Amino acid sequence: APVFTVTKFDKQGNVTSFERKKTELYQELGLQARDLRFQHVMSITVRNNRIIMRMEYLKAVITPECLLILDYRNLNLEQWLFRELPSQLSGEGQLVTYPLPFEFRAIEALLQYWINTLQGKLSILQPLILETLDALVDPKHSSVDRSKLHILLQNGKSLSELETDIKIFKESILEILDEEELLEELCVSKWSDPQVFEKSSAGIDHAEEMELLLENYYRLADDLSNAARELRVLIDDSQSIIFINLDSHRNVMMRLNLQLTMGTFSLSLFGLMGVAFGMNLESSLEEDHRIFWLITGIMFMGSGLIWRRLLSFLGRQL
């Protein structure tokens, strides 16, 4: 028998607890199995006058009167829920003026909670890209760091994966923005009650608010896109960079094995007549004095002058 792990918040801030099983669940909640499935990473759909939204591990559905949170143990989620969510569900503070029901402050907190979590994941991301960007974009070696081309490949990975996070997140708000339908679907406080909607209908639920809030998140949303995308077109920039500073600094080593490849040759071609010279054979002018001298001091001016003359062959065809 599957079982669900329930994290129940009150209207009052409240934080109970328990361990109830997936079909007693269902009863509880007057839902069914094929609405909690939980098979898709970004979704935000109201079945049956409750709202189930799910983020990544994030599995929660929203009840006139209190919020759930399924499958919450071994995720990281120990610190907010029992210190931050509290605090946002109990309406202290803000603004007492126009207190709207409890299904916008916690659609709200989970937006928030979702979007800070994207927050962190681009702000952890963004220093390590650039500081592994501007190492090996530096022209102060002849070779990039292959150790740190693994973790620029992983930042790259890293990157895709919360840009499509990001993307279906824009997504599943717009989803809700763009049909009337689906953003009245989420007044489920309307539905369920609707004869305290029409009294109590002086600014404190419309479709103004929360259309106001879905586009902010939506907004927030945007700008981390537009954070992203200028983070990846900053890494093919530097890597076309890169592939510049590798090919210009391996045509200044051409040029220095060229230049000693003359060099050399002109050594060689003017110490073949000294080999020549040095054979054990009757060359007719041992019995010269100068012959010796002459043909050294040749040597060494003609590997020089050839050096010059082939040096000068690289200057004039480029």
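Residue numbers count along the first chain shown, from 1. C-alpha atoms forming the largest set that superposes within 1.5 Å between two forms make up the rigid core. Compared with the form deposited in another entry:
- Among the candidates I204, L186, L214, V144, displacement between these two forms reaches 2 angstroms at the C-alpha for one position only, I204 (superposition on the rigid core).
- Superposition on the rigid core between these two forms places the CA atom of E92 2 Å or more away from its counterpart.
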Given for the second form:
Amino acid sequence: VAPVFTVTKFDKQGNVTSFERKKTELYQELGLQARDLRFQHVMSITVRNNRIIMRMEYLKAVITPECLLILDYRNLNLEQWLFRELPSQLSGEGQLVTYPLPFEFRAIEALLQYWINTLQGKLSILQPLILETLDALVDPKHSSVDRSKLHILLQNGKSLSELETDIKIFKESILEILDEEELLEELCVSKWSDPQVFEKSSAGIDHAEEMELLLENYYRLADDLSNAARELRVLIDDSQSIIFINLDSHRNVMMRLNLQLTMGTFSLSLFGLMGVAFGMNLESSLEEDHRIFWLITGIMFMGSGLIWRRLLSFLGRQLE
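Form deposited in another entry structure, per the form deposited in one PDB entry context:
Partners and other molecules omitted; one chain follows.
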């Protein structure tokens, strides 16, 4: 019932072996204490007892001068990436540019490349959806917006905020290592494993310089990603403001038209009150007149028109 790790091991030749190992046995083999392998912090890079420990969300890796270990990889869809790219990248002529360099350089480059590719894929998925939703929402010919698109935009905005947080954490973790030279020196595990051998093995090539160059490359890539995400957020905010203004303008137009119709209706009712009063069954001295009916009707209609025009002019003066 002892806790165990599902370990995938890649040697210097690219060979891959998957098995399970007890936690205590792994601690004894790697020469590390338990507190080293807690993996409590997301996106942490550390060097303990000449071994590199890396965590990136769901990816947990341990780098040694002899081999690389991936821990707790199941149910993450990582099998395709592992078994189709890592043997080629570590022990081949793939996209890695650190082949003459020791193994740890290739391992770190592969891990950083995988994470940066994941982030780039997330952003490339997010961008078109947000762009098309914003384009649909800011259509000026729509009286009211579609609420399903609003919900979709809210979900995409939450996803974008999470992605931006991930990018910021990735940048900070790299920059912290880059700032201090001691960490860069510690990262060269092969050099410090056998210092006597590498004192003469290194043919004038500076391992710290190579590590700094690689980390600077990946930091710049992450910075570009962060800039793109920030621009997307700003665009979302501007589109929201434009939507608000459009809705207000539509409301104003509808209100003005309704007001004009109300003025017309009020004038019509006011001048029909005369006919209503004449319609009651009471005695009067105007029944005998012949032209009185047409005269009253004409006065009613002409006065309705004149008062409506006067009211419209008053409204125009008020609204300037």
